[PDB]
Amino acid sequence: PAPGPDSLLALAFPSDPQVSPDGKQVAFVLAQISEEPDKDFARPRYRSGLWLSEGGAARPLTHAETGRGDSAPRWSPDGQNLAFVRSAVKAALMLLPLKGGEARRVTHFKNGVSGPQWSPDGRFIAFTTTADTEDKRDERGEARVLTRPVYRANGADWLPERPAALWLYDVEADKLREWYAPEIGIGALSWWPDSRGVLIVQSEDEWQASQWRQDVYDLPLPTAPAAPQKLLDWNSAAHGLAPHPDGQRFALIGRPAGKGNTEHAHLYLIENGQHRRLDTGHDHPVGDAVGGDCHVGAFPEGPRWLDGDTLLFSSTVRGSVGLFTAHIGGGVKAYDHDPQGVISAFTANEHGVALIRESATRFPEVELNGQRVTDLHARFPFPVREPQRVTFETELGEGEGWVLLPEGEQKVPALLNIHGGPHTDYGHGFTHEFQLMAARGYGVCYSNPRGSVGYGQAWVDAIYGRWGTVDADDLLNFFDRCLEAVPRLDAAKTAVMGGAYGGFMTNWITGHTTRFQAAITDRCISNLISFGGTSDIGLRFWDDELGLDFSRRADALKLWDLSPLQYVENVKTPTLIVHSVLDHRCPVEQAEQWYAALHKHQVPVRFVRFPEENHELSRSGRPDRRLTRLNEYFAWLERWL
Amino acid sequence: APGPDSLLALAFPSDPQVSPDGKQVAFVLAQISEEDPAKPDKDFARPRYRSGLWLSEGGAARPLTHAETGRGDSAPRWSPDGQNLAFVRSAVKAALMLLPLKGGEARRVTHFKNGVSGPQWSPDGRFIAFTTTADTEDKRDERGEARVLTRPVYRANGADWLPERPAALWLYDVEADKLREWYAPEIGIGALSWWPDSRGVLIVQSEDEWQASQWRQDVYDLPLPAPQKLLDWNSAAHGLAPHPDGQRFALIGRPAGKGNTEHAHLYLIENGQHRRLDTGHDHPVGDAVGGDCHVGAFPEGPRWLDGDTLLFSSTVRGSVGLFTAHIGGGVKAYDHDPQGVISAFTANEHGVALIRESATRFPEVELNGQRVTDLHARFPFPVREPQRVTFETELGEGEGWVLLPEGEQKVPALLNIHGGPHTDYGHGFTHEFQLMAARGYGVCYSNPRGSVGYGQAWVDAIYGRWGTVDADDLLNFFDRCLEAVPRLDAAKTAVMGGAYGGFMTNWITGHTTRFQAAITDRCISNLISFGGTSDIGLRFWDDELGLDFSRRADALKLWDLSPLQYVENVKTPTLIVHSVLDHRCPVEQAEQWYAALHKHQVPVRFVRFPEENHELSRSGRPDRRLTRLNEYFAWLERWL
Amino acid sequence: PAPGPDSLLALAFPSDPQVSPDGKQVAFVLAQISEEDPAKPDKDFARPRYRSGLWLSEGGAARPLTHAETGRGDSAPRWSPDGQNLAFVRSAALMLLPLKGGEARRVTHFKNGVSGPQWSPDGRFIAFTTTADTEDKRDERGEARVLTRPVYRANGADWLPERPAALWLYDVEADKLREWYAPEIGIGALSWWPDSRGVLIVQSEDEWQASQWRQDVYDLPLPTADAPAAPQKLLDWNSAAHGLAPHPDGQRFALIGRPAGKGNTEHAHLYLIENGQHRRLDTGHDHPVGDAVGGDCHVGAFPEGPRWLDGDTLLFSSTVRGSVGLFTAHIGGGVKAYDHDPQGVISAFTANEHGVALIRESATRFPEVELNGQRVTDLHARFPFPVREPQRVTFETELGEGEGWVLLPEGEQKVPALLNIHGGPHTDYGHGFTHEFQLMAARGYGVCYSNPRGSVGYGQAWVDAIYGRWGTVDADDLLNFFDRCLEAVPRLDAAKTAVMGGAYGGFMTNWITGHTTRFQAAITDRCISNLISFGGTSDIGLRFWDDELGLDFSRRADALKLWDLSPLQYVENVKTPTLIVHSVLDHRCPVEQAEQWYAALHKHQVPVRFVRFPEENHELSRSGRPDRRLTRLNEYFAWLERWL
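Chains as they are written, first to last, in the working numbering: chain D, 224 to 864; chain E, 2 to 641; chain P, 216 to 859.
Among the hints, a few may not be true.
[Unchecked claim] Not the full set, but computed from the structure, chain E residues with beta-carbon under 10 Å of chain P:
(1) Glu146
(2) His244
(3) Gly247
(4) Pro587
(5) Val608
(6) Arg629
The hints are simulated quantities; they were obtained by calculation from the structure and are not laboratory data. Beta carbons are placed, not taken as given, at the ideal position from N, Cα and C, and that holds for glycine.
Can you make the complete structure from the sequences, with help from the hints?
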């Protein structure tokens, strides 16, 4: 039978695959969908528990029936205990003995904790928390007085006055004490291998934080709390700190100063305040930047030293994500890279590796030392189909995309889907939305135009400062090639759709051609000037992507020329607008302007407005609103195609 | 000096369940904690029992669960293969849970609105039987509707009002992960035990509601999915122990014709016939020794150690020990310390687990002779050792004890009378007595004629004549205490007791003025009204006295045995302690004593507890246990 | 299709008829029956409730003043002396309503509410009692209650507070509240002096004397020192005093009660007080003050305070041979009738020198409010089925002739005969309106009800005839009367009889069924079965038997006599199927009385059924929550239908 959006409710979502210190076990998180019963309103919700495997079919460790559930499993160095975080009780640090018995609660903070990390010697558990700080401004209806340049963040909503402090659990003493209360905030954190302290990333002040300039600090264990020592004058973006086994050097993931957001994230070896590129000769970014919609929870990608010379890391290459090794004394060698697959998360040590793997046709699964330990693809409720590759030509070389077809041979509408970013990739991630589209009779066309991230730095740079030129050209070129190479696609029943940057591009295309019969613009951008003033990254995004400062009079003129709203008078395509109220990455005023403009021109238009959700709705929103979004997608395509 | 809140330092063990392999004990431990540890009322403390499961495999016991809200976890039951623990959680009204012992947390199996109770695995591991009222709603009280009563008994102490439909027996199908109703009785189910081949269960039931009120029950056979009658017992049956042959079984109780006063004994059933099994043993089955550190369930079910040997516990002269009865023979000691009390035990062919205590040692859990807990270490002040004091009767020598404070000064003498009356003082642990001595009082407590541990004749001596030789023995003993213990101050004496001890405190103060103060607890004052109001009123006086309150001639004799008839003689300032939901001794008993003392202008004080029942001093909510002890000492300080 | 108990839901119940100071208006209370929450009714459970409002008339059809839609409603209207304002109590806050236009204003905001508002004659003050903002979280927290006082519960009020309600003062001109007097025991009757200088109050010396029904009268001036001086004693009464009526001269006053030596069995009379000395005022009137006639259509307050019509004349009500009439007592003479119908009952009245307002009823006519002889309500028109007229039947006694009545259904067929026994025992059946009796006849039963020796309306000797020997001549009169009913009324079926009664009527139903098996069914209501335990549990147990029987349950010799007078001693003789009706919060006859009877009948395997009402008290049949009044009547008829 034909599937619908609620096929999602059959799925269980894996995350956070943590290999044991001896390399022979994996503990991971599994989110299943269960009731929050209200007789008048169904309430399907994510509920997570911990699972364990030593090579065979994984078994459950916890059984949450209320709340969000359990997450962030962390092995004690001796391999006998699992720390984790429970919300059933707001996010408390818990301690589970693996040889029998239930967990013990360790923290009772009003605001909960996050990001637990054992020290390598097993004597401490580090975590961050706002402890019992009270803020009844919203509860009382008081005003919020804002003086900092950034005050909201997507997913976190309003940033607190005092940032979360780093805390310490003394395992032997069974005692908690505050370690370091920063004034700005803590980014990446990693223990030194000798457990003497941690390395942390933080910014000098609130302005420098808004400009994506951070430094690395050394924080020894407290005696009074500890004072961070400056360790590297980086003045740029840094995360995923990876201390070397020698206890003195460390690797950094990021980009050096002067290079904006558009440069590939790379690996850098730090020695006495000096930095050198570590993944040299590898023209691809560190980490997973391939699209997919079956990722709920944390997906660790921190690089790990397999010995004194070898650093294991993941990298995005042409729509795929593989594991690679970087070497102090040499170049980059493949470790576990399938050009048709995506490794979305991994942990490792000198004894073993655990990861999550997926493809365009295979639902995410957990692996332990090459052995699959889950059977989650078996729960996928309808048959998956294999995409077919379609290429196009550009002055920079051959680009590629794919078409996913339904069963049968009759004519089907062709849906041009545009991925966001713009510096991400379509390809070999698993996309429930795409498989659902094909199962309901649509041909899905999706590609990696110039500006995508997996085809070298030059492919990224091609769109710098001129969004809506060669990137829109590649997309319509690709789509023309799909109609030519796939005769069952119906060129008279076409639609264009995309999210975020894909929404910007959906708005741009419909304002420059009437060829499409329907359009769906999701968490879109329509006015680049207003975006600079309202978005949580507005103070720096256009500066790095376009070289434009919205508050500078000369630049604003070009920003308007790059704004889809300038050309809205040409739009004739019936458009569905999907947006969330708490999306601080692309604020909803972007969608409201497009909606009002189409109304002024009497263009058929429909606007579905989600409360409480943020930018991440389509990948990890509450189950019922993920269903509603897909329902609105298909209702619009059924009406116009 | 320490005070009543010393109770808050204690942790209370219960339900010692040995594993099928004989090498492990899982038990329940109640600790005292705030009702809501996160949001405490700054103006009102709310200490509460909160229980979790603990485990030991030979060494120091460790906790398996960590309840921080609700009443907690209880009723641990081992799966036959030893790999899982079933238990009941209130954190969620009493749900059946399933815990793997080799790693991982428990899973919830039942979701009934009214919760479950009494889980028992079948021997083959395929089923877990339990009772529940499932999702039955009774909104009469919530709506303020009337209750229409037609049955002879409608209240019970601890359970408050009995439901129209009794709890049904249910079945958890382990292999199928399915629940099914097994049998919905019309009257109610008493004791239950699986046949050793897991073909079904034996159950105790009464023919109708009237027979139940007269303590007459029968045994039925219930196959796995109508009960078939198996034994015409027509009497009290309290525990069932199926024989390993799968056909015979032993029961704890007494045969027809013998009233409540006869010792509970063991009887082997074969083809509707019964034969006495604990022959030559002039002592009752089970623990009947006083103590106040027992919170929770205390299993005492007899267990077959082989085809010829049945292990059981028994009360002997203030102690409780383990014994074996042997087919074709008599009774042998198995684990009997005449100065200690085994209050609970489980056993199989591989091991034994139990809880042990003495007059000087707080309850501890034991496994195969090894103590696995350290709970006496939590007792917050030094305990003291009592000295024995005897008295002479025409039936032989009686005994009692005196617990003295430290030092050499003179101290007031407190005569404490145990209830029942067919129980024993002696070698249980009594926090109240230790606290009394720690605050400067000499505690005198004895086992007069009518006590249960000194043979059937010692019990029968008071039949039909409460207030004769029992009152004589008590004052004889107290006189012997003042003579043998010179630090006791004969000018500063008090008398106190609960239930039957309250009856006797009311009786004694009405026949002598020798005491400076009196404290009467959950008392009896009017034997006629008791017959109509108590949850055992339809049978208690008939068995204990041979008198029927609804018969004119008998009622007169009941009035002559009523302390209220002699209240005109009471001159002793009296504190009255009683709980409103005590259905064993209804509060109308205390209200009559209070009004009569007021009429004679005798100094009197009446502390009236809500919500609590007859069991307050042994297991009430912590704050009301504190309040009761506070009132005891405030009254003694005022008059002594 | 015979009418049933829910016919009660059609009725509206009047109370508290307050005449205005100029005598030309009446404000009164009307309780109507409505859903607990008319906006959200439970589809599975009806919730009919009393809801009261104030009504006003100057001679014509009364008009509503308030419109309560939630809660119990508005009550206790009190006129300002200038006639322009109504004070009242809203649920319980003191409110002030201007009569010429506009809504009421709330004047008290105490957590615990108000009671007993009384204007001062000069209009400057409103006196009332309240526990103010005292908090008592024992029950809420589950704490113990420590009792040291001889009386700690009271029927209707449940548990008495540690600190008695204090008398408070609203300063009308200043819009200010101040505490007036915080008593150590409690305040009984209260009345203003005519010059508004203060109040007279009734209180006991200590808790023990209060338990023995011994009170005195005190003088309480308006408060000055912020710490009240001890009130000076005004009369050494040492006895019961119920209603104070200050004389217009501002120095003498009359009290309702009885002097020392005379126990509870003595008729309440009027006494004129002058400088600590007392003399009887209602001389030559061998009948008690106040309404003591049975009826079941009285919901709310029924004032009966005597009022001086001039310097010589004191108006009061009195019970005479099943009726209640108005009389005047005279300082210089004897007692004269004022408005006395020997076939009617005046249950409440107020008066001054210019007019009178009252509530009147009869055996066939539902209570109505009248003003200066003009009826202003039409409540009898709402009675949902035809009313019937009783027939009188007499019986012979050594003291003279007694009387009773029979109410027959329509038609000519034979009908069961129901012997109904009124409680007290010192009350009267007769000419009150009884919805229960009319419903019985409407469903085919003959109702027989009489005034045996011990009743209150036939002289003091008729009362004294039963002293110390309940169950002798009183039981004799009842069965004598019933035998004469069967002889004089041939439609009564002597083979289908039942006996029933409440309180003392329950004692007597238990007594009769234990001394004869002649009845086919019995219904015993809020009964007494054990006179010994009653002495220890009842809220009047410390004094009732002493006054009624001369017996002290806490004395060994007396207790034996009490047991011989206890119906439970003879329960082995009971064979009659018995329905037992009782409420849990009845502190007048505690439920342990019913539990003993129930258990005894079970022990003898006699058919028995026990209806146990929560929350209700002794007054269920007269003023309980509507749904439980229906349930009681339903159980009555279901039991009669099964056995008759």
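Going down the list of hints, with the structure as the test:
The criterion of a C-beta within 10 Å of any C-beta in chain P is met by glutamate 146 of chain E, whose closest approach is roughly 8 Å, and the hint holds. Hint on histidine 244 of chain E is violated. Least Cβ distance to chain P is approximately 39 Å, over the 10 Å limit. The interface hint given for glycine 247 of chain E is violated, since its Cβ lies 41 Å from the closest Cβ of chain P, which is over the 10 Å cut-off. Interface restraint check: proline 587 of chain E against chain P, minimum CB-CB distance 7 Å, threshold 10 Å, status holds.
Hint on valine 608 of chain E holds. Least Cβ distance to chain P is approximately 5 Å, under the 10 Å limit. Look at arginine 629 of chain E: its Cβ gets to within about 8 Å of chain P, closer than 10 Å, so that hint holds up.
Checked against the numbered hints above, the structure breaks hints 2 and 3 and satisfies the rest.
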